[PDB]
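Colleague: In case you want the letters, here they are:
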Amino acid sequence: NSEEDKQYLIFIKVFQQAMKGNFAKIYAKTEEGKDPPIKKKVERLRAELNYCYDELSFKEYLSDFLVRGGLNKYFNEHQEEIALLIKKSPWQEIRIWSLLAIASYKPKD
Amino acid sequence: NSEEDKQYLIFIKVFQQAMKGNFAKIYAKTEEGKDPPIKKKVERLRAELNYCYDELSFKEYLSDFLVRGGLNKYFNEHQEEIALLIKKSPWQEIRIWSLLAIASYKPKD
Amino acid sequence: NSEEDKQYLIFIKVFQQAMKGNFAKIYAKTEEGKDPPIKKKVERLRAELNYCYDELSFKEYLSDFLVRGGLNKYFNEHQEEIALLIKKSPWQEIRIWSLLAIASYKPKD
Amino acid sequence: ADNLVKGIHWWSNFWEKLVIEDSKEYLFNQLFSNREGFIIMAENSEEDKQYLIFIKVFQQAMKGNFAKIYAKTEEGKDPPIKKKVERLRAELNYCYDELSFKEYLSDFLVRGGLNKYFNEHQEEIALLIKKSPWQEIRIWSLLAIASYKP
Amino acid sequence: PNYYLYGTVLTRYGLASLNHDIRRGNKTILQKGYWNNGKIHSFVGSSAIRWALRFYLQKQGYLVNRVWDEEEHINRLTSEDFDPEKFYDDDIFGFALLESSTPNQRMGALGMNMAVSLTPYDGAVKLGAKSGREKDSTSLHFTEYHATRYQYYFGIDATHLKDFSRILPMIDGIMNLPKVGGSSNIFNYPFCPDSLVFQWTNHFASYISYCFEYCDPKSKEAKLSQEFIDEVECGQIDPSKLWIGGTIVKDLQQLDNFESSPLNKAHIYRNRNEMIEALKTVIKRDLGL
Amino acid sequence: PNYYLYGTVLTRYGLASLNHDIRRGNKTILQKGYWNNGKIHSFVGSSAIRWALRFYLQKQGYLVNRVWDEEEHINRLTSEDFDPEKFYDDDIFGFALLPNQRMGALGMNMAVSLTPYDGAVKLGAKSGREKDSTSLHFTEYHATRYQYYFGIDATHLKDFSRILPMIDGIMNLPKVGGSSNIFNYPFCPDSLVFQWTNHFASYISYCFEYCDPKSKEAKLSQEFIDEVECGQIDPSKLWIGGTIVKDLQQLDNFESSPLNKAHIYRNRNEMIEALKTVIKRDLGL
Amino acid sequence: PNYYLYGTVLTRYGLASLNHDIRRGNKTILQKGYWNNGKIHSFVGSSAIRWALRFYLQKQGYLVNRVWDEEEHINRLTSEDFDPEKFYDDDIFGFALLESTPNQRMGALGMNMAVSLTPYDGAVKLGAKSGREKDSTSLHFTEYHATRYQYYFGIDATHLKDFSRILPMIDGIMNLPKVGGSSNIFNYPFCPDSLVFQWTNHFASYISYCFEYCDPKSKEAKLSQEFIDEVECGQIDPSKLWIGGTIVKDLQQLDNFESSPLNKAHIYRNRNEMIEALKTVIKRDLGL
DNA sequence: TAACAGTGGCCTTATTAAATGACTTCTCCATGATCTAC
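Just so you know, the sequences run in chain order K, J, L, I, G, F and E.
To convert, take the position in the first sequence, counting from 1, and add 3; that gives the authors' numbering.
To convert, take the position in the second sequence, counting from 1, and add 3; that gives the authors' numbering.
To convert, take the position in the third sequence, counting from 1, and add 3; that gives the authors' numbering.
To convert, take the position in the fourth sequence, counting from 1, and add 348; that gives the authors' numbering.
For the fifth sequence, the residue numbers in the authors' numbering are 12 to 111, 131 to 319.
For the sixth sequence, the residue numbers in the authors' numbering are 12 to 109, 133 to 319.
For the seventh sequence, the residue numbers in the authors' numbering are 12 to 111, 132 to 319.
Simulated from the structure, these hints should not be mistaken for laboratory data.
Note that CB positions come from ideal geometry on N, CA and C, so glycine has one too.
Keep in mind that the hints are not guaranteed to be accurate.
The calculated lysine-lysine pairs, modelled on BS3-like cross-linking and capped at a C-alpha distance of 27 Å, are [unchecked claim]:
{"#": "1", "chain 1": "K", "residue 1": "16", "chain 2": "J", "residue 2": "9"}
{"#": "2", "chain 1": "K", "residue 1": "109", "chain 2": "L", "residue 2": "109"}
{"#": "3", "chain 1": "K", "residue 1": "42", "chain 2": "K", "residue 2": "109"}
Beta-carbon label-pair distances, calculated as ranges [as the list claims (entries may be wrong)]:
{"#": "4", "chain 1": "F", "residue 1": "284", "chain 2": "J", "residue 2": "62", "range": "29 to 37 Å"}
{"#": "5", "chain 1": "L", "residue 1": "41", "chain 2": "E", "residue 2": "135", "range": "30 to 38 Å"}
{"#": "6", "chain 1": "G", "residue 1": "85", "chain 2": "L", "residue 2": "60", "range": "49 to 57 Å"}
{"#": "7", "chain 1": "J", "residue 1": "9", "chain 2": "L", "residue 2": "41", "range": "52 to 60 Å"}
Whenever a hint applies, use it, and build me the whole structure from the sequences.
Modeller: Here it is, written out as structure tokens:
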């Protein structure tokens with residue numbers, strides 16, 4: 004319930020879809036008998052998330068991550084809501100939401 | 004409300020229209036039974052957006068991109084204010100908005 | 004058990020799994036010596052939790068710790084409930100629950 | 349005896365009648381003399397064994413907290429149990445509402461180190477701490493201090 | 012007639028530790044308790060404000076029975092028999108001689143209620159420690175402070191005064207309150223009013239007690255409560271008997287449809303001195319001074 | 012006649028770590044709490060400023076009961092019996108035996147940061163190799179200006195002339211207790227609002243406010259300005275000095291405003307001299 | 012008398028990666044935070060500058076209790092009991108022996144963190160272990176910052192055990208060794224290029240951070256208008272003000288400079304001449 | 001088109017957790033023998 008909670012939940016879904024896309028890209032990148040990453044890529048994503056300062060850097064990185072995720076239906080249905088949510092809101096809160104999405108993305112894969 | 008986000012939203016809309024027009028132009032460019040990529044087009048657009056180094060770069064880039072966007076109606080009734088928005092505001096904010104528009108573009112086609 | 008109690012217990016389990024992951028990471032990092040400390044890690048965690056002074060800092064630390072934990076199967080199973088619980092509840096209550104989870108933690112034999 | 353006559357818990361008004369209304373630890377000192385009676389009353393309680401489990405948890409936490417400083421302090425510099433227990437009682441008395449008391453109790457439990465009793469009764473003790481009124485938890489912490497065996 | 016001066020006065024925002032109670036071990040606890048909607052607020056006792064008013068009367072040069080020695084920190088009575096006819100303090104605050131011709135007690139014209147923090151108490155504490163590496167049992171300590179505004183409610187039975195002219199010094203003292211008993215060395219909290227809602231009426235009923243509210247639970251906003259505004263709108267409170275002064279005047283004037291509200295025709299003054307002067311003129315006319 | 016000197020001073024902009032709270036674990040916790048807008052603001056205790064004033068009095072003659080050794084880092088009492096008639100320290104700051135206990139002619143409130151405190155943590159390590167439990171630590175700083183409010187009951191002083199050294203010390207404050215080695219923060223004021231009145235009603239407490247989160251422009255106020263305009267706080271009793279004068283004089287219609295006829299000096303020393311002249315005239319010094 | 016030497020020194024323009032933060036991942040980040048206008052500036056810790064001053068004192072002879080080994084990167088104490096009378100470092104920087132003559136000393140030097148004059152925008156440098164083989168320690172990133180640095184210090188000269196030890200401290204501030212950082216790839220000289228010193232006998236300074244930028248992405252540096260207003264209004268006695276460095280040219284190019292009270296300050300374009308004059312005044316005042 | 005996404009080591013060392021004094025003050029009794037007035 005509540006509009007803010009619904010927007011937050013479906014933004015979590017958006018971020019989880021983006022991480023699925025990025026992890027699939029990493030899977031396609033690696034070849035041969037080398038083990039593709041599962042967990043240390045999540046650690047890399049965490050390190051890149053905490054490497055953030057000011058509003059500009061984090062929003063740039065988040066937008067780049069979302070685009071690199073590729074196709075995503077949750078952002079498809081909700082353009083205005085997530086565009087406003089990302090453009091507005093403190094960047095630290097959005098980082099908290101992104102980390103919460105990271106910690107609960109894995110049931111998909 | 005607070006027409007700043009109105010300008011943000013119609014900027015996203017005209018950016019999506021322009022990228023749709025450029026993808027249509029690419030579809031015209033390709034030929035024969037080769038499948039015209041769609042995800043690779045988005046990847047190329049993101050890479051070109053990240054290729055810029057402030058002010059001159061990415062400003063003439065995005066103006067040229069919008070020009071090749073073609074007959075964009077929302078551009079036509081929103082020439083002057085979008086030009087003012089582009090002339091003002093930091094360029095990295097414009098890049099963030101463009102990346103968000105790319106991430107939320109698909110349901111058009 | 005009420006739904007609030009169920010979510011509270013699930014959050015306790017989520018935090019305990021996150022501590023399991025963090026302590027396993029430390030154990031892998033400091034395999035040298037007679038044995039990596041366990042009491043010192045708990046004291047570090049308690050001090051870092053008590054360092055938080057406001058909602059934003061505490062929630063940032065909690066999200067970072069949860070992500071550092073790893074898979075966290077209990078968060079996999081309960082995306083929306085636990086995410087809403089973290090976003091909504093006052094940070095002092097979440098800190099109380101986290102410290103209760105710390106106290107009720109059993110190191111793996 | 350008054351609590352038994354009134355038909356309520358035998359610990360119903362222990363705090364405000366034993367700590368608040370104590371002048372110079374006159375009433376407080378009698379708790380350690382009546383420790384055996386406290387242990388007997390807790391063991392032969394007609395119900396509510398969960399709060400006895402909480403007593404065990406709090407006693408383990410108190411053992412850890414006291415042992416930390418007692419290892420920090422060498423022989424001769426080691427203070428008796430009286431000063432530490434008085435400081436603990438004062439800190440418990442500081443708490444004024446549910447949030448502050450539960451925060452202090454949780455921090456004390458964590459500072460107590462590994463707690464086997466809490467681990468064996470995670471769900472029960474966690475629900476008990478979350479749900480029960482903080483005044484009752486404070487009273488039971490007081491009478492767990494009283495029946496603490498060094 | 013029987014005239015009463017009811018008033019709710021709001022203090023300025025600042026850090027306050029004026030209401031310590033029985034300390035728990037090391038830390039000094041300030042008096043607190045439950046209030047609006049179940050949160051804990053810090054209370055400043057009304058006896059503190061009464062003592063401050065007594066000290067104001069003594070310092071201004073008025074004849075006061077109980078003289079307070081600043082250098083000795085003791086209280087001395089000029090006359091062992093209380094005489095409300097001659098002494099301002101006995102007339103205003105009353106007395107009660109309880110020991111084994132003149133009356134032994136008086137009800138007192140001034141009736142005051144406890145001062146309540148506008149904002150709920152968060153739990154802030156401050157550590158104090160004596161400088162020096164020579165440390166003993168009294169080296170370090172904790173003192174609780176509260177960053178809020180205090181509001182309190184008072185009522186004066188003007189006809190109950192032995193001398194009717196003594197109400198004016200009480201108003202002056204309320205607007206020029208000396209230090210209200212607290213920790214002035216480290217938490218200097220001025221208790222002078224910055225927002226007033228007074229009522230000078232011959233009816234005994236008052237609907238202005240604790241009429242101030244907060245916009246945010248942790249903020250220095252101090253807006254007028256909706257219940258008080260509604261009671262003014264419905265006509266329960268006569269606007270001609272309402273006296274509003276202080277910083278709340280700006281917020282009232284920025285309200286929508288203020289010019290059409292019955293609150294407009296109340297005595298509203300941004301300057302508290304002007305409001306006090308007008309109210310004192312009305313009081314002098316009504317009491318025939 | 013009772014005379015009181017209320018004042019709110021604003022410090023210069025810089026990085027401050029003055030009042031570490033409790034040392035939570037590995038971190039030296041800068042003392043902070045909620046303030047104004049519900050944001051966390053760092054605080055400097057009033058006892059620190061009183062200690063700084065005591066040190067100022069000690070360093071320049073001015074017989075004081077408590078003598079800061081500065082070498083053994085201990086306090087020595089010249090006379091075990093406090094004598095406010097002879098010592099500046101006992102006369103000004105009071106005492107308590109636990133007698134006479136004084137009351138204290140100087141009342142001070144805690145200094146409050148003009149800006150919310152975001153995270154401002156500084157890392158600290160000890161050289162290299164042979165690392166131990168003390169090798170790694172963190173310290174919390176704050177890059178803002180601090181603002182505190184004080185009040186003096188001049189008549190309460192045993193010697194009336196002792197108020198002048200107190201003003202001199204306030205304007206020449208020594209190191210206010212803190213990490214001076216790592217975060218050297220001068221506590222001298224760059225903006226002052228002093229009120230030399232004769233009644234116990236001050237509306238200048240914490241007048242300075244700018245919010246504007248992370249900045250240092252430090253505009254005066256809107257509530258204090260409205261208080262001056264409305265009619266109370268007569269400008270004849272108001273003394274404003276410091277860098278705030280430049281912003282004040284640039285305001286529109288400032289010449290027609292009642293704030294114009296207040297004692298406004300850009301130079302702090304000139305305003306202090308004028309105020310001390312007025313004080314000496316009023317107190318019969 | 013109680014003489015204090017306050018000062019703000021501005022470094023030279025260059026690529027700087029001096030003070031870093033927690034290791035994080037593969038990218039070493041600078042110590043940065045909000046400084047002015049809500050913009051993020053890079054900081055250099057004052058402990059780094061204190062370490063550099065200690066190293067200078069050690070290198071130029073002198074007696075220092077802490078001796079940096081420079082070979083095994085270890086710190087050795089010549090005497091386990093600190094003696095501020097004998098050792099320069101104990102006298103100047105103080106000490107604190109907590110494990111359990133006084134065991135603690137307040138030190139005569141008080142520094143503040145060096146703040147970059149320019150906001151830190153981007154400036155991450157890619158680093159590779161090279162070769163054809165690849166591993167975890169192959170791809171790394173290092174943050175740098177093309178800016179000047181500016182820090183504020185104060186000296187309580189009377190607090191010194193030996194009053195003459197201030198002179199080596201001024202020499203060290205002038206010829207400062209490398210301030211702790213990645214000097215292998217980002218060699219940043221911390222020697223001053225502009226100085227604003229004040230040799231007064233009262234605690235107020237008003238010269239904390241007197242340098243401000245123009246065109247926020249440029250190397251040009253100018254004295255802040257607040258500092259100039261402070262000098263002109265009457266505060267800050269010009270006779271106690273020592274200004275030296277490349278800022279002297281900009282100061283002299285100002286209009287109405289001759290009529291300005293700033294002209295009466297001790298202004299030397301050559302830093303050595305300014306330091307010599309200041310040390311002459313210091314020796315006269317301290318009776319050296 | 002590729003391969004990497006940091007390798008280490010620490011996560012505070014002391015110290016003091018209150019010093020005083022007050023712990024209600026008055027009054028309102030019940031009942032029968034006797035005085036006294038009708």
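Colleague: Are the hints correct? Go through all of them and say.
Modeller: Structure-based check of all given hints:
no.: 1; hint: K:16 - J:9; in the structure: holds, 25 Å
no.: 2; hint: K:109 - L:109; in the structure: holds, 24 Å
no.: 3; hint: K:42 - K:109; in the structure: holds, 10 Å
no.: 4; hint: F:284 - J:62: 29 to 37 Å; in the structure: holds, 36 Å
no.: 5; hint: L:41 - E:135: 30 to 38 Å; in the structure: holds, 35 Å
no.: 6; hint: G:85 - L:60: 49 to 57 Å; in the structure: holds, 50 Å
no.: 7; hint: J:9 - L:41: 52 to 60 Å; in the structure: holds, 57 Å
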